[PDB]
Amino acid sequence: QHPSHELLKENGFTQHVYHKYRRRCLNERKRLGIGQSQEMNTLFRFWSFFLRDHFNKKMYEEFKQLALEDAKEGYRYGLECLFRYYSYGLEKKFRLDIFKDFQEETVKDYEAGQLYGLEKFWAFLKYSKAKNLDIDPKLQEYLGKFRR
């Protein structure tokens, strides 16, 4: 019934439903402020899941853009949703360009004093042939400090 639900259903995504829904969410974030819109939070979660099966560059880029913006103000749900999209999405369908973004956002997250991104990056890499790809050498040191 709520757009998030019917847009995620099988064969239930329509451009028309989605676009009104999106603007409503962005309007509410503008109206109420960063971190204060629960509707915004639902959009982050929608993007997180939907992009796994139905990638769209434009949607993906906004998702990332808004996530980083919110996180800079200390509101992290968006970025958390982003790291789950990277970690879970890449294990399902790997994409080189997205993997490079995952490395980029993980290093920044780590250098900002957080471990959420690094753990998600390790959870994916540990079990993937992606570990044999060219990894940011700084990220590789950060992953070294992950011994148990």
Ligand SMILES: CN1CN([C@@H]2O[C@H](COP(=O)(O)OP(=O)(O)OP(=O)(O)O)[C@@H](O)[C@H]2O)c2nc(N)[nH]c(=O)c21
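Residues that one form lacks are left out of the comparison. Between two forms, the rigid core is the largest collection of C-alphas that superpose within 1.5 Å. Numbering follows the first chain given and starts at 1. Compared with the form deposited with the ligand bound:
- After superposition on the rigid core, the Cα of residue 132 moves by 2 Å or more between the two forms.
- Identified as moving between the two forms on the superposed core is the stretch 126 to 132 alone, made of at least three consecutive residues whose Cα atoms shift by 2 Å or more.
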Given for the second form:
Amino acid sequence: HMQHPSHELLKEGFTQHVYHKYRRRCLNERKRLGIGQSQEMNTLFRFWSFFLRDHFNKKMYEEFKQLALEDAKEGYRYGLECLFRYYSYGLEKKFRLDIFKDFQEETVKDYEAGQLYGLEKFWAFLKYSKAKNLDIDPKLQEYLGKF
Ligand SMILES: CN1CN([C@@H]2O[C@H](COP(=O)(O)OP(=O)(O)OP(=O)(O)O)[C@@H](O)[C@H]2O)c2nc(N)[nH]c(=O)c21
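Beyond the form solved without the ligand, can we have the form deposited with the ligand bound?
All chains and molecules follow, beginning with the one already shown.
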């Protein structure tokens, strides 16, 4: 009875009706309380991080990425941490060429912002994934070399 919506939606479990109401409440809280001030919004970031690993959808991924980056620019990094976990674990489970390009792009940005959370997640993807013949950004290769 006390199931959080994100827990219900992540069960083998997702319906549009439950997700619509949940997403709307989270976004409304982010708008009212402010970026980085809503713990409900944090549960939505976490939901996306896991849900997209098994049920990718382009528009949901794009919203996740956009809001995670907006939060991170203001200094609130949980969304982006969730996004890097999605990249590293999600692309290991099923490689996606377009999403991998985004993974490289956001890792480069994160490293150039003086963070290493993203770079470690990219390194981890390379250590765990069976993907071969990756076309890795030569600047990212330099960053990984020092890691
Ligand atoms: C199980 N893990 C762990 N991991 C990433 O790998 C990095 C190092 O964590 P770890 O591999 O769990 O350390 P590990 O040596 O296994 O733990 P321990 O030394 O206690 O035995 C973390 O950035 C973490 O997010 C992973 N990354 C991907 N893509 N897939 C995975 O299954 C895993």
